[PDB]
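Form solved without the named molecule, single chain, as structure tokens, below.
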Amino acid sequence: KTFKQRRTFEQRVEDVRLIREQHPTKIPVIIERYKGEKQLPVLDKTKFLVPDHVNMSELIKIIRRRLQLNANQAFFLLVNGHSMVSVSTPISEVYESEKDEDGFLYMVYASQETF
């Protein structure tokens, strides 16, 4: 069901390598709904090419807009399995430090703080 369960390690690496070749200024991000989430909708896709100059605060806003959330819906985002240290961090730096060995940057969202 999850991205890693649907694609082999080889397939994931080769896709990241393709993204470096054809979309060099983008960060390859996998964004998935927490498996127990009951309030927030699922996204229309899983793999996102994020401009590498945005910060985490902006990425949160982007994802909230893609989910068409209103102001009273809570949204929490994990990166590489843990909470964000700061929303101010540039995504190019987050990628360097938090990328998976397959080359994707993995994120999970939920409406509660306890995924």
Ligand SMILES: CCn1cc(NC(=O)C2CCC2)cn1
Contents of the next structure:
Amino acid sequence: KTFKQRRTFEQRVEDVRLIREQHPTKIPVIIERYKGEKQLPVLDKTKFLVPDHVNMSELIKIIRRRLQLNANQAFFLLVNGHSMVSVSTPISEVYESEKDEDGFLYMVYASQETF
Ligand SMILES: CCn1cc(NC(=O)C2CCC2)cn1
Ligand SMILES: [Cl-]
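Next, give the form deposited with the named molecule bound, keeping in mind that what was shown is the form solved without the named molecule.
Zooming out: every chain and molecule, the one shown earlier first.
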């Protein structure tokens, strides 16, 4: 069901290695709906190539646009299982401290802060 369930550790590591070779300026991001979520739609895909200069605040605006949300739908984004301490950090920094051992950056979204 979830990305980590669908692909082996060996498979995830090799995909990250091919993104490094072919999209060297991009952060490989896995974005998933909270298994509890009722209100927000599911995304059209799971694996995202995010330009490494964008900060978390802009990435939240990107995903809100992808979901086609309006001004007063709530949207919370967990990185590596937890709240972002700051939305102003460049995703290249966030990656180095929050990356998985397979080399993806894992994010989860919901309409409640309580996931
Ligand atoms: C080759 C696959 N690919 C993916 C993108 N863009 C994204 O994933 C979006 C996240 C913000 C831009 C471009 N090419
Ligand atoms: Cl690139």
